[PDB]
Every structure is written in C-alpha cells, then in structure tokens.
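In the form solved without the named molecule, a lone chain appears below as structure tokens.
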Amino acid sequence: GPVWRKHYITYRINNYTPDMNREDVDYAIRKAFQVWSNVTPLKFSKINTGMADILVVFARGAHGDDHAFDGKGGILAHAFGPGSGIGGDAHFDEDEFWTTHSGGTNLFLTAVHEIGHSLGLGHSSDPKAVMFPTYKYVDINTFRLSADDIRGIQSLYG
C-alpha cells in the first residue's frame, strides 16, 4: 500500500464542528498527530492556507466523495490513504456529537484511527488496537498506542 515518501507532512482544518470549542478541536487533532510522530520519523505542521497533505473536514451525508455518511452512529469518520489530492484527507461525520471526553464520540480517539489510515495503515483484528475497525472509548489522558499499532506503523515508516 501507499506511504508518504517525505518526513515533513502538513495538515489543515477545513472547517470546525459546532459540537466543540475551537481550541479543543485544534488540540484533539494536534494530539492525534503526535501519537504517530512519537513512533515514526514523521513531523506534522498545521497550516492555515493553501494545499495541505491532509485536509481535515467535518461534513454530513453526501459530501463530494464515494463515502457518504449515514447520520448519527454507524460510520463515524473515514480517511483516504497517502496520495495526491484527496489522498490523506480525513473526514468526520457531523451527525455525530464530537467531544473531549467520554460523552458523545471522542474526537481525539477517532482522529488517531483515521490519521492511521491517512498514513497508510489498515485495520487490526486486535480489539486492543486503535486500528480495530470499530470505535471504543478509553481514558484519553492515559492513552497509549498498543504494541500491535506500533508494529503496524513501523512496518511502513522508520
């Protein structure tokens, strides 16, 4: 599968969910990128204008790709693997209620998973792994990447 062939990667937050404080969206997304830069040679920088590698979008229903959202529940988000244009982009379903905590759907935890896809990871069959296909809340303040996820990403980078 495709991988980024460079170490400096940019992201841009296209728009913000009204579910959360602006600064909390920024922080959740920043921390999610950090999870992966911790275990690879990758560096992530937020840009406010122009073409980023990874565009972060909040949208509902049909939103201009082959991955229409399905209302509250079900599919929470999706992302494209490394590549030009839409490649790398991560989309979050606005019909979910995004939060900083255990209520609603945790943005940070969801973003860690989707960014995994943005970097070229597939799914894991291990329920402990963040790349498990289905969402589950774990304490965000003590979150640690599982051994399986580390193995997965280190097969692609570093």
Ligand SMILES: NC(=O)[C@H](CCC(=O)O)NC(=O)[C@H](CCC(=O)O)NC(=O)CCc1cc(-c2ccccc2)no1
Given for the second form:
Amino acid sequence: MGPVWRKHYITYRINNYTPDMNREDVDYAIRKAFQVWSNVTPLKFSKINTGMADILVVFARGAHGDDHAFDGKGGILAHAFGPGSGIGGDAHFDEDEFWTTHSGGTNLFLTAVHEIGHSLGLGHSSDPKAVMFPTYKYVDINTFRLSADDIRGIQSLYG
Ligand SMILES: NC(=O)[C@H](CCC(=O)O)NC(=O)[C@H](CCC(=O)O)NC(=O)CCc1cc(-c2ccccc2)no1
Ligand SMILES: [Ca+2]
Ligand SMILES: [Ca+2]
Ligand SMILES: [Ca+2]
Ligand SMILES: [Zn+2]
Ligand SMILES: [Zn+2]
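We have the form solved without the named molecule; now please give the form deposited with the named molecule bound.
Next comes the full complex, and the chain you just saw is listed first.
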C-alpha cells in the first residue's frame, strides 16, 4: 500500500483558473470530480480560498517549479502527487491543453477525476474502462461511472 491521507476531512484550493473555460465551470468540474471519489469512500472534501489546503489545483505550462515539466499541447495532460505534505496531493493541469466542459479539447472533469485518484493514493489500472487507466478517453459525462476496479482500488485505501 502506497501513501494515504491519515484523515477523512480533506481540503482543496483552486490556485488559478485556465482562461479556456468560465470560472464557474472550472469550480463545477473540480467539485464534481471530488464528489465521484467521496461517493464511494468516507472521505469529505471542502473547497477553501485561504489557508492550508491539502490538495492544490493548479494550471501551469512547461517547466513550472517541480521536477516534472509539461510538454506543450498533447502528450502529458496533467499530473498529480500522492498524499503527503506541501506538494503532496497537489494536481497540476497543462495549460497548453484546451480545457472544456465537453468532448472537444480535453474534458477537465474527467481529467480531474483521474488526477484526484492519484492525489488520494491510487496508481494506474490495466482495465481500459477504469478512470485510472493511463490514457485519456472522452466518455459521455452524463453517464460517467467509476469502474469496479477504481472502486476496489480506492476502497482498499480508505477507510
Ligand atoms: N496519449 C493520449 O492518448 C493522450 C494525448 C492527448 C492529446 O494528444 O491531446 N495523452 C494522455 O492520455 C496522457 C498520456 C501521458 C503519457 O504519455 O503516458 N495521459 C495523461 O496525461 C494522464 C492524465 C489523464 C488520464 C485521464 C483518463 C483516463 C481514463 C479515462 C478517462 C480519463 N484523464 O487524464
Ligand atoms: Ca498539498
Ligand atoms: Ca501537454
Ligand atoms: Ca489552455
Ligand atoms: Zn507539476
Ligand atoms: Zn495517471
């Protein structure tokens, strides 16, 4: 078992907003992505604008201060650190992608579900239908469901 948060109340903060989308839509995408994981665990997530957030949500490009640079449009879409202090748990999204609420560009909600998976301690799945499968695939957002494998994984960690 890899690192896990040692508490069930977890805060997040949106450090900055991509100009690709309206602010309200970014807030909504992120809130709904956390909700996907809270629905199958004892974890609760609260958004704060001030103070010490556990999970910082960041949009940045290229080399952005951690040792994992982004690569321009395409390729790496985002990445996240496992549970831990400071940069631990933080999720970074490549601003060189075009973030959307839909099937065009890269869907922020689906990507955030995957990255939050990592922020909570999950690794990759070999189930092509798992949200934790390594490669991005748009799926109908209104019918989205975690796979049984994603649920097994997160339930093995919490709690
Ligand atoms: N390789 C691809 O098909 C796309 C390319 C997207 C593009 O070119 O615009 N890139 C990616 O998929 C990059 C690949 C990183 C790597 O090179 O290993 N993946 C990543 O950056 C991982 C981030 C992520 C995965 C998902 C997801 C997974 C399952 C279901 C739904 C969503 N959502 O975000
Ligand atoms: Ca953190
Ligand atoms: Ca990229
Ligand atoms: Ca962008
Ligand atoms: Zn980063
Ligand atoms: Zn991943």
